[PDB]
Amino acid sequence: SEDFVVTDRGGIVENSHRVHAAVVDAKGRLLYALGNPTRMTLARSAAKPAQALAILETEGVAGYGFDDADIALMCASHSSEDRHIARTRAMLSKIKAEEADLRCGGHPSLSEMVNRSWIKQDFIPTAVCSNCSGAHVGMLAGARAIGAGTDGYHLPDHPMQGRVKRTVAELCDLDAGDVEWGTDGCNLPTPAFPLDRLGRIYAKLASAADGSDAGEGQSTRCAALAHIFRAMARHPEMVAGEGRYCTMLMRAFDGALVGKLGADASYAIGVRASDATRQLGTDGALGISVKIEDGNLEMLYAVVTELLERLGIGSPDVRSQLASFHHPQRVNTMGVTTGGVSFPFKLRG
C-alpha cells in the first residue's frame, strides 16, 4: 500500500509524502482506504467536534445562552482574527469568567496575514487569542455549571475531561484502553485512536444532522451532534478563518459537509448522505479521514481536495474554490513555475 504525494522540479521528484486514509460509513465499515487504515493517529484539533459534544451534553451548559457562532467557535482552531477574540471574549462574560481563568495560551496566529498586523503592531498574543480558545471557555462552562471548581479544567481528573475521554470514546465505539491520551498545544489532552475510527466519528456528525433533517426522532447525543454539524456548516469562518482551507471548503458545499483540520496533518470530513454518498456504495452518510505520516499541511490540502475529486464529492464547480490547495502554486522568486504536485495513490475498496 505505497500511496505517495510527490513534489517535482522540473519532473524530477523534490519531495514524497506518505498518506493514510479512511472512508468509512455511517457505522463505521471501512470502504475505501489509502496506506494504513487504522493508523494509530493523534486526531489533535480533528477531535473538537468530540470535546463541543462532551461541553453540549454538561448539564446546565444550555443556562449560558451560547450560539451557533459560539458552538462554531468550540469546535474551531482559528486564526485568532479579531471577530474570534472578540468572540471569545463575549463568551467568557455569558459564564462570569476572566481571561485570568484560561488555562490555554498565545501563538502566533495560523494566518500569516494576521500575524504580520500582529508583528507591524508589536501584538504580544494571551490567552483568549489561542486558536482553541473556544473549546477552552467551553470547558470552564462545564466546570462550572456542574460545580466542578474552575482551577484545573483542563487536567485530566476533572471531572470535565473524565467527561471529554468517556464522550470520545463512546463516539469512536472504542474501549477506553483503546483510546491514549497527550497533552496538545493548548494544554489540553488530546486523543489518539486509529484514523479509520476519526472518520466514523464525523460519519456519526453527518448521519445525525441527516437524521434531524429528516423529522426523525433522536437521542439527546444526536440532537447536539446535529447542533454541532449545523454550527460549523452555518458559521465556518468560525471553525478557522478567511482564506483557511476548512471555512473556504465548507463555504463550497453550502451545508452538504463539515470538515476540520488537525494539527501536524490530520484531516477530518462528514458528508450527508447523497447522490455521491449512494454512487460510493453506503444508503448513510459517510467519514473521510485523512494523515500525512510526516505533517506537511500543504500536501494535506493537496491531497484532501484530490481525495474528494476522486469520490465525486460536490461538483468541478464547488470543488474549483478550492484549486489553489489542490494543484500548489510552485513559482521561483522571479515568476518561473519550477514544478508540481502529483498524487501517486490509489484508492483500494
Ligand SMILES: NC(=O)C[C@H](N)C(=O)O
Contents of the next structure:
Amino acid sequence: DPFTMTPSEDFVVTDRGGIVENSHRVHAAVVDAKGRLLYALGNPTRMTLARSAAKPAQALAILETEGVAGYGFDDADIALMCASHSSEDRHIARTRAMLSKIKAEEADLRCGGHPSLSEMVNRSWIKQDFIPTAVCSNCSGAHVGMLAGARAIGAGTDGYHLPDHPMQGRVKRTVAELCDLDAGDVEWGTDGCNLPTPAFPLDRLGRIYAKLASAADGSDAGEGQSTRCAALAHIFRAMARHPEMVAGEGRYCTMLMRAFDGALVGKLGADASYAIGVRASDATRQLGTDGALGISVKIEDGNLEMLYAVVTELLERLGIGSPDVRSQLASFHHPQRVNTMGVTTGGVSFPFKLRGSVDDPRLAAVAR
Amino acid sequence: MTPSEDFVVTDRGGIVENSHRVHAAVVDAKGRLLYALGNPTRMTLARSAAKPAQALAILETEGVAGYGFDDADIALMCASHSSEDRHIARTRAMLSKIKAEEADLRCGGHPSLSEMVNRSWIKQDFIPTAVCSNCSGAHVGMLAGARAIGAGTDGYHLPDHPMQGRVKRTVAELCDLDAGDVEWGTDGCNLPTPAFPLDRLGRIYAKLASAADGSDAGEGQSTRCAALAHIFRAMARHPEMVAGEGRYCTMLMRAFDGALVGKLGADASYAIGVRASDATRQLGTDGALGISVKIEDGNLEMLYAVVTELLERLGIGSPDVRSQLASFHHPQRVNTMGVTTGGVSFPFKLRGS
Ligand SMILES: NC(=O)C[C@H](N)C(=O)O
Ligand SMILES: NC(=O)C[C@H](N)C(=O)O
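Show the other one: the form deposited with this ligand bound, since we just had the form solved without this ligand.
Entire complex below, previous chain first.
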C-alpha cells in the first residue's frame, strides 16, 4: 500500500532472479547548516558511532591546538589527518614526513597495523609476507596530529590517545560543540586505531558536515570568519583538494570527491556510516535551503557495499551532481552481481522513500 | 502469530554498533514447527544448504552406483569447500571415476571461501579454475548423472536438462511442496538454485537425520531413505570435505562426532539435522529434528554466533562439546592494539508451540 509506507520500511535489497536475497535497513538525515532536518530515511536521530566519519572533528581539534601551526602541516597533511587511508606507499611516506616535522618516531604511535582497506594494497603485502605496523594504520595521520598537539602544549606524549589526556579532552569538547550537544549526549567507545570514538544522533553527523561546507562557502565568499570557521574551511579545502589522502585509489570517498571537483566532501565511517558536506548550489536551493547542506547515512547491519549504493542513490534523488558526475560512481551505485561463469544473477534495489516533501496528516512517520 | 522482533546486536563499549534480524525454524521429522525466531516461513534462497538434496538426486540417478563414489566423494557433493589442495585432488579423482575432465565442468573459479587459502593463492599468483569451485563435487556428480543415463554432458547445468529436472523434482519432494511453491534463480556456480519457506529447509535436514536414525535402527527403508542416511553418514564422517580446516561446518560436525550434520548457505543461511537424542526428547519430540536459520542482511559472522547460541538454548550437545565453537559464539572484538572494544549479544527469545 503506497499510502501507508513508513520509516520502518526503508530498505536496500538484493535479489537473485527477482527472489529476495538480503535486505538492509537504511537511516539517513539531510540537514541545513544549522542542523534543521530537511529530509530523512529510517530513523534520522539514531544514536550512531560515527567512527572515522568523525575524523574532520578530530582534525579541527588538532588544528586549534595552540602551537600546531608552527609545524607547517600542509593541505595534504591535513587531508591525511582526516583520512581512513588505504595504506598506500604514499600514505605511509606522508605519515613519516609528518612524524619528522614534529620530531617524533614511529615508536611514539599508539595505533597498530592492520590489513589494508584496499584489496590491491593488501595483495602486494601478501606477496611479500609484509606485516603492517603502526605507521601503516589507516588512522596514522590523525595519530600524528594528536602527537603534534600533545607536544605543542607541553603535555606528555605517552598517553596522547587516552581519554584523560588534554588532547582527548580537546577532541571530546570539539565534537560536542560541533554537534551542538551537551557532553552527556555524546557517548564514547574505543575505535580500531585505539582512540576514543564518539556516538551521537545520526543527524548531528550531517550537522558537522553541513558546518564544514558552510565554512567553505564563507571563506570562498571572503566573509570575515572566526578562527573555528576558518579552520573548518581549511579542512574542507584540504579534503576536497587531496581526496586521495583521505582514502586512496579506487576508494569511494576519493572517487566521489574527485567527481564533484570541490562541490562537496565525503567520508566513510566503519560499520557503514557516511557523511557528506555540500556547498551551497542550485541543487541545495532546490532542496529548500539558502545555505550549505549535510547528509549522514547508516546501514543498520553495517554492510559497506550497500552503504555506497545507498549514498549514490540518495545523491541522485536529491539532485546533487549531474548524471555525468554521478556516473563515475556507477559501479558503486548498482553493484555487479555476476557469477563465476559470467552470468548476471541479480541486482540491487532501493525500496525506501525519502520524506520531507504530501501525505495524509493521519500517516504517522515513526522514526525506526 | 506475528513474527517477533528477534535480533543479534553488536556493541562498542555498550553502544549499539550493528543489529541483524534473525529468522529461525526448529522442526520435527515431519516438519512440524517446534520453535522459532523471526519469521520461520520466510521465503529463502537455500543456496548451498540445498546441496544434500542435490546429492540425493545424483545418488538416485540410474547407473550412478557403477562409478564407485565413496563416502568422502559424497561429502564433496554436499560441500561448499574451501578449495584446499585436498578438495581439488578429490574433484580430480571423481572426474577420473566418470572418465570426464575439467573442461567438462560448467562451474567457474572464485576466491577461496577460506581467507587463509586465498592468501596462499595470492602469494603464488594462482588463478582459480573450474576444478577449484566450492561446488565442484556437486558439478562432478551432476556430470556423472548426465553420463549415467546417456543424457550427454554439455548442458548438464541447464534447467531443461533431465539432471536439473531431477534436482528440481527432488527438492520439492523433500520440502513436501508442489513444484509451483519452489522458486528458482541461478547460483554463483551457475546451477539452478531453489527458494522456499525457511522451515522447509529445516524439514530437509530433519529428514536427513531421521533417515540416519532409521538406518541405524534396522528399519525397513525406501531406497530414498537409505540414500538420505548415506548422505548423513557421508557428511558426518568426512566433514572436512563439506567445508575445510577451521570452517564452522567442519568444526561443528567434528565437535558433535555424528550427532548432527550442518551446512552453510551463502548469504548467511544455515541448516542442521539432529539425530534423536536426550536433547531432542527434552525439546518435546520423539524423533529427529531440523534447524534452519537466516540472517536477514546476510552477515556470516553473525550467522555462526546465532547458530551456536541457538544450540546452547536448545541444549544440543554438552557445554564441553559446544565450547569447541567458542570463537564463533562470541566473535573477537579486539582492536589493533590488543584492547577489547565490544561484543555480541542475543536479545532474541525462542518462541515455542
Ligand atoms: N576507520 C574507522 O572508521 C574506525 C576504525 N576502527 C579505525 O579506527 O581504524
Ligand atoms: N556456496 C553457495 O552457497 C552458493 C555459491 N554462490 C556458489 O554457487 O558457488
